[PDB]
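Only one chain is included here, represented as structure tokens and corresponding to the form deposited in one PDB entry.
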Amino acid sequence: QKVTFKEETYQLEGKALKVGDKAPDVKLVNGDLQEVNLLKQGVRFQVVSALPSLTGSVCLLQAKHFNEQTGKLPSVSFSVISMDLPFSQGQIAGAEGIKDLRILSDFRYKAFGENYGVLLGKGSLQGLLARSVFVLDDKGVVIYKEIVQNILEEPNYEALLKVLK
């Protein structure tokens, strides 16, 4: 699978993950510099959205709304991952008026990038995460997987919402 950024084309680094595969539980760092496991204990629908950069991203703007709608749904969690440090993530998020959003950094181990196969290879965005969304069940099996072909574009909104019906 190839991802594009203006005149650049990326080979995705890490292990390829398919619908039906058990996604591995990975270590990430939260806004309190606490190490957390990606997979929430018991939650039936786990949305995991990965961004190259939180800074001025479309996902950050709609994060507060989507987090509300998912929160009210039964057993649906919403996690946003980037290579951004937690401090920057906390201030970016805080500045947009997004409270209690599970924004997590992959900076320490690059465990999400490597295990979900979305670590961008050689190029200007090398070592950043490809724009991607996963839905995992309580068991960590991949219900839905989308990796955007154009890193600047957003995942299919329709297709994501339909999975949460």
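Superpose the two forms; the largest set of C-alphas matching within 1.5 Å is the rigid core. Residue numbers count along the first chain shown, from 1. First, how it differs from the form deposited in another entry.
Only one of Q126, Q62, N30, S53 has its C-alpha shifted by 2 Å or more between the two forms once the core is superposed, and that residue is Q62. After superposing the rigid core, the Cα of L85 is displaced by less than 2 Å between the two forms. Superposition on the rigid core between the two forms places the CA atom of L73 2 Å or more away from its counterpart.
How about the form deposited in another entry, since we already have the form deposited in one PDB entry?
Nothing else is written out below except the one chain.
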């Protein structure tokens, strides 16, 4: 699969993760500069979304939409991942009041990008994460995957909420 950004077409780098595959656990860094494991034990659904940067308008709308679901669906674990340092993630989350959302940084190991196959290849956005959504079931198996073809588009929220119902 390819991703488009205006005139640029990106190859996706890292390991291809498919619907039906066991999702790999990866090390990320949270707002307190604490290393955390992506996967949560004993929750019905885990939603893991990635975006190029929280600095961007489309990116912030995605973060705002997952912050709202965090409160509406407490039985579902929501995580948003970017290559932004935890400091900027905390600053932007603070200003926008997105305090319930689990915001994690892939900067240290690029372990999410490499293991979920959403690392953007050569181009202006190279090394940033493709806009993407994975839903895992209670076994940690991928039951839904969207890598957004046009990175200027928001994720398909309707397709996603049908998976969580």
